[PDB]
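4 protein chains.
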Amino acid sequence: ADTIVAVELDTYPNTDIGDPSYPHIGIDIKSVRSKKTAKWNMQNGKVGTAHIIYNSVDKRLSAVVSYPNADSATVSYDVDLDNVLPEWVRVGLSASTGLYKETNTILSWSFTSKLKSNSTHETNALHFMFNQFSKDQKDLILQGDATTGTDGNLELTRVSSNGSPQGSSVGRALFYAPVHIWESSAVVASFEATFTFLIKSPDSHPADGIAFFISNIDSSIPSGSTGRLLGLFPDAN
Amino acid sequence: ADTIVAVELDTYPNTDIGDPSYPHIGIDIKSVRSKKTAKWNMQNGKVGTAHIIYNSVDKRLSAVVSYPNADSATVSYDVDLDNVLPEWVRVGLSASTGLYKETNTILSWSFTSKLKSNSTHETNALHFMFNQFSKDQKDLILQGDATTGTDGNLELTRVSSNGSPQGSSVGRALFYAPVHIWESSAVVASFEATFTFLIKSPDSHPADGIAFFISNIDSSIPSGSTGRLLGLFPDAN
Amino acid sequence: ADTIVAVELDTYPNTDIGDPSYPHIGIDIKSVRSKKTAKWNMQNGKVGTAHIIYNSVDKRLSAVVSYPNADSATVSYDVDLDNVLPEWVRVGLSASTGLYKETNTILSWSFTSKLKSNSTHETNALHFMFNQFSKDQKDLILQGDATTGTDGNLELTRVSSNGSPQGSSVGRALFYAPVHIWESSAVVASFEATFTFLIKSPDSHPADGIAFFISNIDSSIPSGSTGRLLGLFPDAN
Amino acid sequence: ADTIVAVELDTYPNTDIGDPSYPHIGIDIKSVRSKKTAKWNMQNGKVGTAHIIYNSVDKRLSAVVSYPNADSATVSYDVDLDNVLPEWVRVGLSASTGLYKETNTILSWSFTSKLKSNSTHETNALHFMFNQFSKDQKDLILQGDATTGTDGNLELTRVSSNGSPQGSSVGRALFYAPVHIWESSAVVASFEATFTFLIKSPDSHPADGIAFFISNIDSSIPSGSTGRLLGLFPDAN
Ligand SMILES: [Ca+2]
Ligand SMILES: [Ca+2]
Ligand SMILES: [Ca+2]
Ligand SMILES: [Ca+2]
Ligand code: NI
Ligand code: NI
Ligand code: NI
Ligand code: NI
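Protein chains in written order, with PDB author numbering: chain G, 1 to 237; chain P, 1 to 237; chain X, 1 to 237; chain R, 1 to 237.
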C-alpha cells in the first residue's frame, strides 16, 4: 500500500526485528528494518535537532542529530529516491509508543524543496517553516493522536493533562501541499528538512521513537503500527 | 459569499462601472469598483512583471507593474487586511475575456508569507516559486478554463490550438495550501507576491485583465463573472 | 561627516535633548533628536527582539520591539531614504554607556536587502544571518569596545570578567560588505532587519541604549559619542 | 601561495597537461590537472547555467552544467574541503583567453552558504544574488581585465567595443565578504552556487574557459596564468 522512506530516531532497541542494542538513528527504505543505522546517545528530557538532506546528483540520504553541548550522530545511505518514491509526495513526522512510552513533542519544523530545470534560471521551490503550532493549523494534516496548540507545540502522541505520555499511541502530521520531487526536465532536485524535538519519559526505557518520512500523497497510518512500527509500517518485514 | 481582496491589471476601460478611460492597475477590496487605480501603459505582446507587497505594521497594500525598458506604474492603498479577510486564506491568480479577448498567460509566480510572533525568533513562513508549470501540477487548484503545461506556462483563459485567445472565458489557479495571515501572538505579518505575465491580443481592444487575489479558502468562480468581473465578483456593485 | 539613519532602543531619558520621560524606541534621521518615538516598556535582564522594515514604494521606516509574554512597542516614520543616504551603505549595530551603564549584548542578527529592477526577474539580493558570533568573525567590522565570541555573543560595550557592564563605553559592529540600496533601474528596493538583544544592568537606571543603523560605508565612531549619543552622533543637535 | 578549489568549464583541450580531447567540466583541487572531468558539449553563443553543490556530511563536490533543450553534463568528486581550504575563504569566478579566445560573460550569479551548529536552531547563513551588475559594483573585488556594467553583465576577460573577445586576457571577480566554511561547533556546513554564462567566439576553437573557485581570502591572479591556467594556477603542475 504506502511507499515510505523515513529517517527514524528510534529510542527502543527491538533486536528481534534488527535494531541494534541501543537508541539509534536509521534510514528506512520501505521497511522498518533500517538499511543503515548509527548509535544515538539519546538524552531524556533534552531538546534535540535533526537535519536531513538529499539531492538527486549524489543520491545519498544523510541525517545528523545533535543535542546542545554534545557530539552529534550522523547516518548516510546511497539511494536513488526517483526509483523508490512517486514524483509527487507528502512529507511528514510520525511517532508512536507501545507498552513503553515517551512524549514525542515537536517544537519547530522547516522544509525546503528545490527543482532546478535546464531552462536558464527555471527554479521551482517550496519552503515552509513552523516555529509555533496553533490549535487549528489548517496547513497540516494530523492523523491518529497528533494534536497542535498545546504550549504552541505539536504533540505527535497522546499526553494526558498532567504532562504524562500515554502508551499504545500513534500520530502523524503531514504538510498539506504535495511536494514535487522529480520532473522530466530537472537537472538537480534537492530537499533539506530540520526539526527540533523533546522526547521525555518518566521511565528508564522510553519507546518508541520519532521519524521524519516522505510518502505517497494519500498515505494514512497502517492498522496496528503503534509501538515498534512507528506509525509507518504495517508489519516488521 | 466570498471575501476578495485583489490587485487587478485591467486591460479594458468599463467606464460605466467606474474604470478610468485607459488600462489601469487597481486595488479591489470586496468590489470590482477599485478603491484606487493608476494608469497602466499596457504593452500588447510583451512580458510584464507585477510585484505586490503588504505588512501588518503599515497596513498599506502596494503593487508595482513594469515592462522591460519602460517606466513602471504603481498604486497603493491603506487598508488593514485583518479587518477584511479571515486569518486563513488561499492566494491565487484570476483572469477573464468577454466580447473582447486576450491570452492571460502566466510564465512564473512566487509568493512569500511571514508571521513573526513575540516569542524570541518565532517565525512561521511559507514560500513557493514556480518558474515552470507542468500538466499535472498537484499543488495548484485550477478552476474554470485555466490549464498548465502548455509550453510550461499557466494559461488562465482558453486559447485555441493556433494560439488564439477565446472570448467569454474565465479561469483561476490557487496555491493548494491555506496561508496563515493573522495569529494572536504575531507582532508583524507580511507577504510579497511576484508574477510575470504575457497578455497578447490580435485586436486593438484587449479585454479583460488579470488579477492577483486573496480569498476565503473555499472561494470558487462566481456565476457569470466572465468579462469585466474578472472571475472574482458576482456583480458590479 | 557621516550620514546616519538609525532606529534607537533608548534606555535612558535625556529630556534636555528631547527624549520623552521613559525608555523609548525612536527613528533618528541624521540627529539624536528622534523624529518619532514610542514608549518602550524595557525589561532589565530579559531577551528582546527588534524588527525593522522599509521599502522604496511606501517610503516608511517602521520598527517593532517585543519581549516574550509582553505586548510590543512599534514606531513608524515616513521618510524617503534615497533622499538621505548614499546608494551604497553599510548596516550595523551600535551601543553605549556613560555615567549609567548596562550590558548591550546581541545574541543574533539577520538582514535581508532586495533590489528588484524592471528587467523581467532581475532581483539582486543580499542576506546574512548570525545566530552565533565567533572570536574572529571576519565578516564583521568591529569598532570601539565591541567584541565577539564571549559565550558566542556579540558584546557591543565593555563588560568586565565578572559579567559587569562598564560605564563610558562605545562599540559598533558593521557587516563587512557594502549594501546596494538604490540603482537607476530598480522598481522596488526593500530591507528587513531583525536582532535579539539582552540589556542587563545592576542599577535601577540603565543607560544608554542600542541602535540599528545604516550609514555611509566608511562611517567610524564620532569622538565623544559615549553616553547619550549612542556611538552615532558627534553632538546633540 | 594560494589554495584553490575550482570547478572549471574548460573550452580548450590541452592534452599535454591532462585535459581530455574535448571541452569538459572538471574539479580542480590545487592543480589545473583536474581530479575528475566529464565531457561537456559546449554551445558557442548560447547561454548556459552551472550549479555547484557541496556539504560537509557527504564531502562530495558536484557540478551540473546545462544549456536549454539539451542534456546536461555532471561531474562529482569526493573531497573533504576542511582538509584543503582555510575556515574563512572568498568565492569567485575566473576566466582567461590565450592565443585562442572567447567572451567569458556572466549574466547572473548566486551563492548560499550555511553553517548549522549544535546549539538548537543556530544557523549562520550568507546569501547573495546578482541578476544584474552595475559599473561600480562595490561588493565585488574585480581583478585583472574583469569589468561590470556593460549591458549590466560581468565581463571576465577583455572584449573590444565591436563585441570582439581579445586574446591573452585574464580577469576574476570575488564577492567582497569572507565566507565562513568551518567552525568548531558546526554539525553541517553546506554551499550552493549557480551562475549563467555566455561563451561566444568568432573561431572554431574557443579558449580557455570559465571557473567558479574558492580560495584563501587574499588570493590574487598568479603571474602568467592567462591561457590554459585559467587565471587560477601559477603553473601546470
Ligand atoms: Ca525500535
Ligand atoms: Ca475593466
Ligand atoms: Ca537617551
Ligand atoms: Ca584547457
Ligand atoms: Ni530501529
Ligand atoms: Ni478596473
Ligand atoms: Ni531617545
Ligand atoms: Ni581541463
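Treat each hint with caution, since some may be false.
What the hints assert, rightly or not - Quick list of in silico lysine-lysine cross-link-like pairs, DSSO-like style, CA-CA up to 27 Å: (1) 35/X to 59/P; (2) 135/G to 114/P; (3) 135/R to 46/R; (4) 36/R to 200/R; (5) 114/G to 135/R; (6) 138/X to 46/P; (7) 46/P to 59/P.
What the hints assert, rightly or not - Derived coverage of chain P by chain G (criterion: at least 3 residues anywhere in the stretch with Cβ under 8 Å from a Cβ of chain G; other residues may be distant): (8) 7-21; (9) 95-101; (10) 111-121.
Please keep in mind that the hints were generated in silico from the structure rather than gathered at the bench.
Beta carbons: idealized from backbone N, C-alpha and C, even for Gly.
Each hint tested on the structure:
Between the alpha carbons of residue 35/X and residue 59/P the distance comes to roughly 21 Å, so the proposed pair stays at or under 27 Å and holds. At roughly 18 Å between alpha-carbon atoms, residue 135/G and residue 114/P fall within 27 Å of each other, so this suggested pair holds. A hinted pair counts as satisfied when its Cα atoms are at most 27 Å apart, and residue 135/R with residue 46/R qualifies at roughly 24 Å. For the proposed pair residue 36/R and residue 200/R, the alpha carbon gap of about 25 Å is at most 27 Å, so the pair holds.
Restraint check for residue 114/G and residue 135/R: not satisfied, since their Cα atoms lie roughly 32 Å apart, outside the 27 Å limit. With a C-alpha separation of about 46 Å, the suggested pair residue 138/X and residue 46/P falls outside the 27 Å cut-off, and the hint is violated. Restraint check: the Cα-Cα separation between residue 46/P and residue 59/P comes to about 32 Å, which exceeds 27 Å; the hinted pair is violated. Requiring three or more residues with a Cβ within less than 8 Å of a Cβ of chain G, the coverage given for the stretch 7-21 of chain P is violated, as only 0 such residues are present.
Only residues whose beta carbon comes within less than 8 Å of a beta carbon in chain G count, and the stretch 95-101 of chain P has 0; fewer than three means the coverage is violated. Counting residues of the stretch 111-121 of chain P whose CB lies closer than 8 Å to any CB of chain G gives 3, which reaches the minimum of 3, so the coverage claim holds.
Checked against the numbered hints above, the structure violates hints 5, 6, 7, 8, 9; every other hint is satisfied.
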